[PDB]
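**Student:** Kindly generate the complete structure, drawing on both the sequences and the hints.
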Amino acid sequence: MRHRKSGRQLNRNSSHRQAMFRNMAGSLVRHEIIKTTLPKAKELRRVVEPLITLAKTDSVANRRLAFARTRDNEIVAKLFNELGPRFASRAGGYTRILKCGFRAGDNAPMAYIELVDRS
Amino acid sequence: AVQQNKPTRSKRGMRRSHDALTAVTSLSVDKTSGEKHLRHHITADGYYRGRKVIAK
Amino acid sequence: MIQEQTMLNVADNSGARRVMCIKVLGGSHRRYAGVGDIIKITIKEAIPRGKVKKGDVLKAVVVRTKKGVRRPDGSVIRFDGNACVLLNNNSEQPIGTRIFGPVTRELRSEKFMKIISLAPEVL
Amino acid sequence: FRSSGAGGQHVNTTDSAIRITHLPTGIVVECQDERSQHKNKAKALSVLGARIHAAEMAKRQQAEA
RNA sequence: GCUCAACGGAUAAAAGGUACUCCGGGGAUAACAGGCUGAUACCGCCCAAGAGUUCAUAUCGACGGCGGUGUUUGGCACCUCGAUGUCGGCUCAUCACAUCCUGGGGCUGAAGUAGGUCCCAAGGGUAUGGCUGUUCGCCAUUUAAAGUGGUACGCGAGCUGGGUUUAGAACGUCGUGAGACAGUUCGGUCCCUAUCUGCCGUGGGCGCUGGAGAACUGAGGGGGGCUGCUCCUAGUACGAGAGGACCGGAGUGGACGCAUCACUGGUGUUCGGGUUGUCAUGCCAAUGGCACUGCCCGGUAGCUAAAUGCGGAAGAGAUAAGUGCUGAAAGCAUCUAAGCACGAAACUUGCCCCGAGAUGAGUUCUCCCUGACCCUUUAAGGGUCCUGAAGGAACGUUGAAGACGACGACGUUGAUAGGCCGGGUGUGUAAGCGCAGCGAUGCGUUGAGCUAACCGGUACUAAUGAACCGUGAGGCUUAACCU
RNA sequence: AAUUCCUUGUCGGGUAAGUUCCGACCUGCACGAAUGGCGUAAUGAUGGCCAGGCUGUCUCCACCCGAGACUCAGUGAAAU
RNA sequence: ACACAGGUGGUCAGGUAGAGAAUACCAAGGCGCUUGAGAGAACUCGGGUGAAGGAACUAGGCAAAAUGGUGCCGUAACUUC
RNA sequence: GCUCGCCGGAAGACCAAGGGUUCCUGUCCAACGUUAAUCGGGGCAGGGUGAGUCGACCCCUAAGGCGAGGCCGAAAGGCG
RNA sequence: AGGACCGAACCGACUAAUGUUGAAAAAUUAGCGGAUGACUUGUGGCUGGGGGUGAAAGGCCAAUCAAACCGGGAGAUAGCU
Ligand SMILES: [Mg+2]
Ligand SMILES: [Mg+2]
Ligand SMILES: [Mg+2]
Ligand SMILES: [Mg+2]
Ligand SMILES: [Mg+2]
Ligand SMILES: [Mg+2]
Ligand SMILES: [Mg+2]
Ligand SMILES: [Mg+2]
Ligand SMILES: [Mg+2]
Ligand SMILES: [Mg+2]
Ligand SMILES: [Mg+2]
Ligand SMILES: [Mg+2]
Ligand SMILES: [Mg+2]
Ligand SMILES: [Mg+2]
Ligand SMILES: [Mg+2]
Ligand SMILES: [Mg+2]
Ligand SMILES: [Mg+2]
Ligand SMILES: [Mg+2]
Ligand SMILES: [Mg+2]
Ligand SMILES: [Mg+2]
Ligand SMILES: [Mg+2]
Ligand SMILES: [Mg+2]
Ligand SMILES: [Mg+2]
Ligand SMILES: [Mg+2]
Ligand SMILES: [Mg+2]
Ligand SMILES: [Mg+2]
Ligand SMILES: [Mg+2]
Ligand SMILES: [Mg+2]
Ligand SMILES: [Mg+2]
Ligand SMILES: [Mg+2]
Ligand SMILES: [Mg+2]
Ligand SMILES: [Mg+2]
Ligand SMILES: [Mg+2]
Ligand SMILES: [Mg+2]
Ligand SMILES: [Mg+2]
Ligand SMILES: [Mg+2]
Ligand SMILES: [Mg+2]
Ligand SMILES: [Mg+2]
Ligand SMILES: [Mg+2]
Ligand SMILES: [Mg+2]
Ligand SMILES: [Mg+2]
Ligand SMILES: [Mg+2]
Ligand SMILES: [Mg+2]
Ligand SMILES: [Mg+2]
Ligand SMILES: [Mg+2]
Ligand SMILES: [Mg+2]
Ligand SMILES: [Mg+2]
Ligand SMILES: [Mg+2]
Ligand SMILES: [Mg+2]
Ligand SMILES: [Mg+2]
Ligand SMILES: [Mg+2]
Ligand SMILES: [Mg+2]
Ligand SMILES: [Mg+2]
Ligand SMILES: [Mg+2]
Ligand SMILES: [Mg+2]
Ligand SMILES: [Mg+2]
Ligand SMILES: [Mg+2]
Ligand SMILES: [Mg+2]
Ligand SMILES: [Mg+2]
Ligand SMILES: [Mg+2]
Ligand SMILES: [Mg+2]
Ligand SMILES: [Mg+2]
Ligand SMILES: [Mg+2]
Ligand SMILES: [Mg+2]
Ligand SMILES: [Mg+2]
Ligand SMILES: [Mg+2]
Ligand SMILES: [Mg+2]
Ligand SMILES: [Mg+2]
Ligand SMILES: [Mg+2]
Ligand SMILES: [Mg+2]
Ligand SMILES: [Mg+2]
Ligand SMILES: [Mg+2]
Ligand SMILES: [Mg+2]
Ligand SMILES: [Mg+2]
Ligand SMILES: [Mg+2]
Ligand SMILES: [Mg+2]
Ligand SMILES: [Mg+2]
Ligand SMILES: [Mg+2]
Ligand SMILES: [Mg+2]
Ligand SMILES: [Mg+2]
Ligand SMILES: [Mg+2]
Ligand SMILES: [Mg+2]
Ligand SMILES: [Mg+2]
Ligand SMILES: [Mg+2]
Ligand SMILES: [Mg+2]
Ligand SMILES: [Mg+2]
Ligand SMILES: [Mg+2]
Ligand SMILES: [Mg+2]
Ligand SMILES: [Mg+2]
Ligand SMILES: [Mg+2]
Ligand SMILES: [Mg+2]
Ligand SMILES: [Mg+2]
Ligand SMILES: [Mg+2]
Ligand SMILES: [Mg+2]
Ligand SMILES: [Mg+2]
Ligand SMILES: [Mg+2]
Ligand SMILES: [Mg+2]
Ligand SMILES: [Mg+2]
Ligand SMILES: [Mg+2]
Ligand SMILES: [Mg+2]
Ligand SMILES: [Mg+2]
Ligand SMILES: [Mg+2]
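Residue numbers (the authors' numbering), protein chains in the order written: chain N, 1 to 119; chain b, 2 to 57; chain K, 1 to 123; chain A, 227 to 291.
Accuracy of the hints is not assured; some may be wrong.
[Claimed, not checked] With a straight-line Cα cutoff of 30 Å, these simulated DSS-like cross-link-like pairs (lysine-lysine) come out: (1) N:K42 to b:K12; (2) N:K40 to b:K57; (3) N:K99 to b:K53; (4) b:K57 to N:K99; (5) N:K40 to N:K5; (6) N:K35 to b:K53; (7) N:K99 to N:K35; (8) b:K37 to b:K12; (9) N:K40 to N:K56; (10) b:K12 to N:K78; (11) K:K114 to K:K54.
No lab work stands behind these hints: they were computed from the structure.
**Tutor:** Written out as structure tokens, the structure reads:
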């Protein structure tokens, strides 16, 4: 029973979910809209949006923290150069979930996770 | 671990009483593009609640 | 939380070092012993000359446990070793005359008044 | 009680073994030789009579000598 | 001219082993279990010689007699040899009363304490270990007690495989030998995805007579029902003492159950740190990957037990054995025949839970719909147009709810989830820089940084304008009324 | 006694308690001398027994992580 | 019998740590094992940790746990030395 | 294409055995592929294997086989 | 020096769990014994059914062994189903 628990498992062990959500947060930052399943998109909000709150303070420390979350210098140089002052005034909710139907290969509920200030 | 008699086509059809599919109840019409989609989903041409949420 | 087959240390000069709990007295089906609970023990290791001899079967009272005792405020007094003070089977009063180490407030009664009146530290 | 050894199922279900416990003395016997307890009871009562008359004639030959 | 005697003579002439086995067959025929029976067994009962200081019946009861149970060992061979798979343990049980404990009694050769034996009573309870494959048994220490039995000697399509009961081997013994042994000893494959009944949960469908939302009564069903120790009454009753109570009251325990996470803890691969090896980030620094979470150290929420709260009861009604009262039949006696009173953990209530599919489908409160037409075969008839209520459902955000369904909260008139903000908590003084040190490092910045699920806030994101379903005043017969 | 029916022999030790074990006894059902007797250091995935450490084997189970189960989409067996 | 957790002889042998062709992470090089997506019940399988006790379990310490490396000190009965 | 993970005395490279066109290219998706497939070791069409030195053949013999004559055996044949 | 010790490849299979219409008509996983020898392995050759071969279990002799396999006698016979 998962009374008051939080976090999805996604049929993946711990060292894969931390790696996959790193490869996925580092792709939502780069292209600003990606396409994924709906259970994977409601759990990427819990990863990406603390990386933009981490981007609202351009310190040497937060550069070194956000490189521990992404391990990509191009992402950290987009989080703090571009996405930092873009969401400098939004109180959370930096992203948006858009359900886009069902996938042909396995009938999965797909979705578009995008950034808010994109278009 | 196995049957002892052949179950009839009556007992077989009674088990399939609940296998019937539930058809979609509401297909919301988009207010700008005028095309039908699923309620709370985007359309097939990238609209959702009027605005163009994603290009093609 | 003393049960059967439990090696206990000894808290008096009765003449044993190491005893083993062979029954928890005080009721049918009874699993465990707190402190101030009468257990039957046998002597697994004794000094070469003392009041009790190796292999004797006699009662005891538990004075210290590692699971401890909870006071009514919620506080608990945990020790680092299980101890007991040997008794006689019939009279059920302590054998040794000089209690080693501390005991607790749960041991004093009209029954074990002698043991808390011989121990150094009554927590 | 059931006998204990080889011989198979017929051993395994039928009891055919009789232990007799003499109350005022305490001599017991456990004869288990046959497959029927009736040949195993009288040939166990034959042994206690041979182990009580062998226990007073042994007692009347300690306090005799 | 044959004891061809196995005497209607298989040939003049003929022994064994198989656990290495094989085939044809049989429940025509054994081992297991069922059945029939009840010799035996177990339990009652009848007579009472005696034992019991005397006194058959306080307690045992010879010699014999009559039954019960199916319960031991059997008997018979009816069921199964085109398979009914097996002892013991484990795990679940479940019923019986011929009661081990607790409860109520009668008698006692019952002073008291404590026993004895019988009667009523099945409600709950009815140990852990040593030995042995053990059932059984003995033993240790307990306990209020460590009951007797039924259920394929309960339970292998639930588990175990020690014993037996295959193939290997050896000993003793028997055989000339193959081999043999209810003789031991070492080793030795236990298969099956549940159709049906069953059971535990939980839904869908319609019904309940217009529809819908709620709150209900309770026909019934289930759970629950254990008990010690100390103290007071009182060292009083009782007793030569020794010893030591009834009745009643109080505490505090054991086992069990229900609940919960505040407490002490457990876990906490989603939190923080220490660390080894190696690889990588251009290198130093810092980090990260992988090595069971690399190995550890702590630990939030949650879940949990060892944690701490509560529980059994009291009462009432009717009773069983029992004790009576009045009281005849039967001028007396008599508990009963009339009449009446007490009398148990049993029975019915009382206590919690389920419960109107209780089709005998109940009750109460609230809400909602007051259109036109035709058609023929006038009927609880069929069609068309208009209409679409209360409400529900879907979808979405979801939950201390959940396998799925269901249930619950929420959908912008919005705190429903994520985020964000503040705190809490956990780890224990982050990085960068500065200094001290030859350097490892230490100190300062600094109880710092980081911080999951928690708590309090905040519309930042996602919860859409809708649409779909469900409709249009609800049958007939009596009756009470109503003007 | 890898052998003893009676047999859990008896006595001692070990254990609170030991049908196993080890030491004696000899009443050897039915040991016994190359179908070898009695010893025997080393060796054994060898049989039996005890002690120490260690521990979810257990008292008494909890929690956690993954793979199934479970729902959805696709394909689609079997004994009977 | 299959695009099958099996089996199939020989040759080449890089880095760091290590005695090593153990083993961990790597290079050259090659792969992600040809249904997925959710959910985070029972139960099973493979693992992690555990308060107090520590063989009470059991046929039996089965299984797990634990011990584990190098250098040095030290080491008993018995013995065929 | 960018990340991530895995093996690395192998899940790498190359022989022999064995297989026998699976190689490569264009094309196609009915079947085959445990799903789908534009993909394939699948269908259809075309292409591809170049040796004085490598391997075989060749020369040499081992076990062992055949065996002129020969010895033996009813025949077949056996031994040499 | 060694039918010597520890231990990978290599050969084997001691316990346990899984698996038992399996991934597999005997395997997987973690431990396990030998590992310079009475070792292992390749390629070829030989021994043939009452015969072979056997460090001996009636073992192995192409998933078959108290007497293989295939063809025939052969439509054996069957008081049995
Ligand atoms: Mg939550
Ligand atoms: Mg799955
Ligand atoms: Mg890891
Ligand atoms: Mg049938
Ligand atoms: Mg169905
Ligand atoms: Mg036999
Ligand atoms: Mg029988
Ligand atoms: Mg004849
Ligand atoms: Mg005749
Ligand atoms: Mg044999
Ligand atoms: Mg047969
Ligand atoms: Mg018959
Ligand atoms: Mg029978
Ligand atoms: Mg009868
Ligand atoms: Mg009789
Ligand atoms: Mg009298
Ligand atoms: Mg009588
Ligand atoms: Mg009589
Ligand atoms: Mg019967
Ligand atoms: Mg019978
Ligand atoms: Mg039958
Ligand atoms: Mg049969
Ligand atoms: Mg049948
Ligand atoms: Mg009765
Ligand atoms: Mg009485
Ligand atoms: Mg009962
Ligand atoms: Mg016991
Ligand atoms: Mg035992
Ligand atoms: Mg029973
Ligand atoms: Mg019976
Ligand atoms: Mg049975
Ligand atoms: Mg059974
Ligand atoms: Mg066995
Ligand atoms: Mg044999
Ligand atoms: Mg329903
Ligand atoms: Mg009831
Ligand atoms: Mg708590
Ligand atoms: Mg809390
Ligand atoms: Mg804690
Ligand atoms: Mg906690
Ligand atoms: Mg590292
Ligand atoms: Mg560095
Ligand atoms: Mg890597
Ligand atoms: Mg901890
Ligand atoms: Mg009452
Ligand atoms: Mg009454
Ligand atoms: Mg009466
Ligand atoms: Mg009267
Ligand atoms: Mg009268
Ligand atoms: Mg009670
Ligand atoms: Mg009642
Ligand atoms: Mg507000
Ligand atoms: Mg929120
Ligand atoms: Mg703090
Ligand atoms: Mg400081
Ligand atoms: Mg750090
Ligand atoms: Mg610092
Ligand atoms: Mg803090
Ligand atoms: Mg925070
Ligand atoms: Mg909040
Ligand atoms: Mg002895
Ligand atoms: Mg001896
Ligand atoms: Mg002998
Ligand atoms: Mg001999
Ligand atoms: Mg001789
Ligand atoms: Mg001889
Ligand atoms: Mg010999
Ligand atoms: Mg050997
Ligand atoms: Mg033992
Ligand atoms: Mg495949
Ligand atoms: Mg290397
Ligand atoms: Mg390796
Ligand atoms: Mg799980
Ligand atoms: Mg932990
Ligand atoms: Mg563990
Ligand atoms: Mg523990
Ligand atoms: Mg501990
Ligand atoms: Mg034991
Ligand atoms: Mg036991
Ligand atoms: Mg082991
Ligand atoms: Mg281990
Ligand atoms: Mg690697
Ligand atoms: Mg390869
Ligand atoms: Mg081809
Ligand atoms: Mg190709
Ligand atoms: Mg091609
Ligand atoms: Mg197609
Ligand atoms: Mg296909
Ligand atoms: Mg092709
Ligand atoms: Mg050449
Ligand atoms: Mg030659
Ligand atoms: Mg010739
Ligand atoms: Mg020749
Ligand atoms: Mg060697
Ligand atoms: Mg072999
Ligand atoms: Mg292995
Ligand atoms: Mg070795
Ligand atoms: Mg074979
Ligand atoms: Mg043959
Ligand atoms: Mg033959
Ligand atoms: Mg013929
Ligand atoms: Mg025929």
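**Student:** If a hint holds in the structure, say so; if it does not, say that too.
**Tutor:** Comparing the hints with the structure gives:
{"no.": "1", "hint": "N:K42 to b:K12", "in the structure": "43 Å, violated"}
{"no.": "2", "hint": "N:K40 to b:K57", "in the structure": "23 Å, holds"}
{"no.": "3", "hint": "N:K99 to b:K53", "in the structure": "14 Å, holds"}
{"no.": "4", "hint": "b:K57 to N:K99", "in the structure": "15 Å, holds"}
{"no.": "5", "hint": "N:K40 to N:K5", "in the structure": "17 Å, holds"}
{"no.": "6", "hint": "N:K35 to b:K53", "in the structure": "16 Å, holds"}
{"no.": "7", "hint": "N:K99 to N:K35", "in the structure": "10 Å, holds"}
{"no.": "8", "hint": "b:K37 to b:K12", "in the structure": "41 Å, violated"}
{"no.": "9", "hint": "N:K40 to N:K56", "in the structure": "25 Å, holds"}
{"no.": "10", "hint": "b:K12 to N:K78", "in the structure": "64 Å, violated"}
{"no.": "11", "hint": "K:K114 to K:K54", "in the structure": "25 Å, holds"}
Comparing the model with each numbered hint stated earlier shows that hints 1, 8, 10 do not hold.
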